[PDB]
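In the form solved without its partner chain, a lone chain appears below as structure tokens.
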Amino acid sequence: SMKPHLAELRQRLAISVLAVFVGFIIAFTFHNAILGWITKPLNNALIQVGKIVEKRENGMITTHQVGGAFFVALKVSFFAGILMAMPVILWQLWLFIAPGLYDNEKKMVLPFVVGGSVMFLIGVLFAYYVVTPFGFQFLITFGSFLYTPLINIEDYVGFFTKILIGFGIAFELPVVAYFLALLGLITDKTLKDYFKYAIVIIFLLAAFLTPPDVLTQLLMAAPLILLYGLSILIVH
């Protein structure tokens, strides 16, 4: 079958794996700084909530697994290495489809991917420096009068990574909408007419990106619906 078009795939996968490995090595070397950067907002929120509680009249970052600290460091290093290997990942991916983009889309793809990457990084920065500091406090002050916030790093790392990745994508979808609309392939009629069908797939997509609970499925589908409406408005 597709035997001749396999050696290039093997080479691309091999070099991508090597890049991920070197990224993991660098990230585990700098894991202290990376973990400090990840945990700074949580520490600031804990200090602010503690000051509020003291003014009204403890909190700390814990680990609930024996190998929890090592596993968290390894996971953060692996994620950073994958992110650090993203440029070479795209180097391998784009070079794979060499003849597909003959002459025009070959030049149209580069601005699209550049814009997508820059908007993803700006979304991650916005989520880290704006949304999180004013949100984490609200997530802790809500239960500060009933419970004690002993936040484990094992779940906090996953929560923070999910928030950052989602907000990066949340700032990418209304840029791919812009690219597709300005390209002229899709107009307002196409998105307006195909509204009901979206109601399904989003609820399906929100079903695959969440724990099995129904409530969190709805809580993920709602922002996706808002983003769909935002794109609908954006098409011009």
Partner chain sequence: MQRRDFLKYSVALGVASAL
The other form holds:
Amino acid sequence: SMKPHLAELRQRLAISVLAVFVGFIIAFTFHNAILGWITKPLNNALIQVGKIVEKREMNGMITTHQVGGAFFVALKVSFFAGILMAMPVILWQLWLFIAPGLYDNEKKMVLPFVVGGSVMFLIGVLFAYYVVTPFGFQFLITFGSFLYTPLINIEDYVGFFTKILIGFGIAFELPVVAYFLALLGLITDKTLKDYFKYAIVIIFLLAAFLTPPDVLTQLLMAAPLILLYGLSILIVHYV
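What would the structure be for the form solved in complex with its partner chain, given that what you showed me was the form solved without its partner chain?
Left out here are the partners and the other molecules; the chain alone remains.
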């Protein structure tokens, strides 16, 4: 009975996987450019911190602590770029599969929501790379400058960088999702101050999911979510 619907999954998953593979090939063809784009803020921060250190006194750099770390980082970056490039095809096939399973009154909600979420995620990623990362990296490297030497390894740096970028994209999508929901009389200020009690528990659950089993990381991830919820409160209050 699931036969007429498992074939559609098979074909759409095949198309999405082919798109991901083509994107991986394209990204690995240009992995040097992507790696330079990723590590440019790190190099700029290291040079500025070196300037500060030479000013105070009157070295640190990007290293690789694993033998196959460089190749693995290149493969990871190419995989991420291929997934990002295949997001059009992946989401198109996903919607084409879900479309004949949704009522004729939810599509009109999903389409503008998806479009706005994608646009705001792009805006957030750009803001993180160009306005936040240059200052945050400088502050973090300067913090441990008079005590430790910044021998930053690429393998952890890529993960940290993509985590920051995706986190800022989501932190830009949620305060616009709140506005979109508040437009059509769905969520109001009172409705957002009464489900706060469960909201904080859900926030801590999400932080536990998205962070290692360390409690400190969980709190460090839950605080920004709490601030985003607070902002959402005023956003729905002024809607």
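Numbering follows the first chain given and starts at 1. We call the rigid core the largest set of C-alpha positions that still match within 1.5 Å between the two forms.
- Put simply, after the core is superposed between these two forms, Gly100 is the one residue in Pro87, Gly143, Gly100, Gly158 with a Cα shift of at least 2 angstroms.
- When two forms of a protein are overlaid on their rigid core, residues whose CA moves 2 Å or more are considered shifted, and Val109 is one of them between these two forms.
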